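Okay, so here's just one chain, in structure tokens, the form solved without 2-(butylamino)quinolin-8-ol.
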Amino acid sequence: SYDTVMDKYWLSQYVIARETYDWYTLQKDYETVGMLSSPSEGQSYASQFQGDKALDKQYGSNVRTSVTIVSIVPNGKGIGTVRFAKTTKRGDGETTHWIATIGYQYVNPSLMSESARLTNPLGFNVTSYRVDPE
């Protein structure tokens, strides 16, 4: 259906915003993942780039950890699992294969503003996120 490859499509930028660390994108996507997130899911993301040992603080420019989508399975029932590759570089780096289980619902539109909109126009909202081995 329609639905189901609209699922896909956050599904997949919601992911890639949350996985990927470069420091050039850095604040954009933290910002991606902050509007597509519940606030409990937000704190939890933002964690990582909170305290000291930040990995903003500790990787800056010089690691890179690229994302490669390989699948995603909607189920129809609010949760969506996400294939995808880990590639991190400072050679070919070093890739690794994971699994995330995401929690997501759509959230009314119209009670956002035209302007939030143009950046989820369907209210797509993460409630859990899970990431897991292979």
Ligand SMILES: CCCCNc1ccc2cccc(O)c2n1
Given for the second form:
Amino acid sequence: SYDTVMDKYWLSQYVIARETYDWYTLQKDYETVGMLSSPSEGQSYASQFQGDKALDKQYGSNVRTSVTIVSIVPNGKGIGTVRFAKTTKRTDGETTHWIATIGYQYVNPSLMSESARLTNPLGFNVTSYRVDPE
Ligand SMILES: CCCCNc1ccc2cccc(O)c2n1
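If the one shown is the form solved without 2-(butylamino)quinolin-8-ol, what is the structure of the form deposited with 2-(butylamino)quinolin-8-ol bound?
Below, the chain from earlier opens the complete complex, with every other chain and molecule after it.
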């Protein structure tokens, strides 16, 4: 009940943050992914925005990828499944569907600063992340 709803919330929040490309919210989404990810999942995500072919450098404000959550199943054992679709346009675009398998946990929220808890009250933490076509 409380746990399932709360897991769905954070799993939802993470996917939206991770799979959205929007130049004007990129920094916030980026830092959100970071705060909610393990160091390894963080650097994996961050690699998209590194180098001469970084997404931001390659898309600027001329592209937007919106995310729509279709369903979420926390398998109760640290693995969550998120079915979602992505729409990309050039500033009705192509729409594709996806399945995100997410390893995640909650770390003791007391181990954060207060500021950190405003972003991550439960210590939600994504240990692994993979997204496959459907
Ligand atoms: C083609 C979708 C594959 C899913 N992988 C990712 C993973 C992180 C992302 C961050 C910003 C924009 C995207 O299209 C992203 N796509």
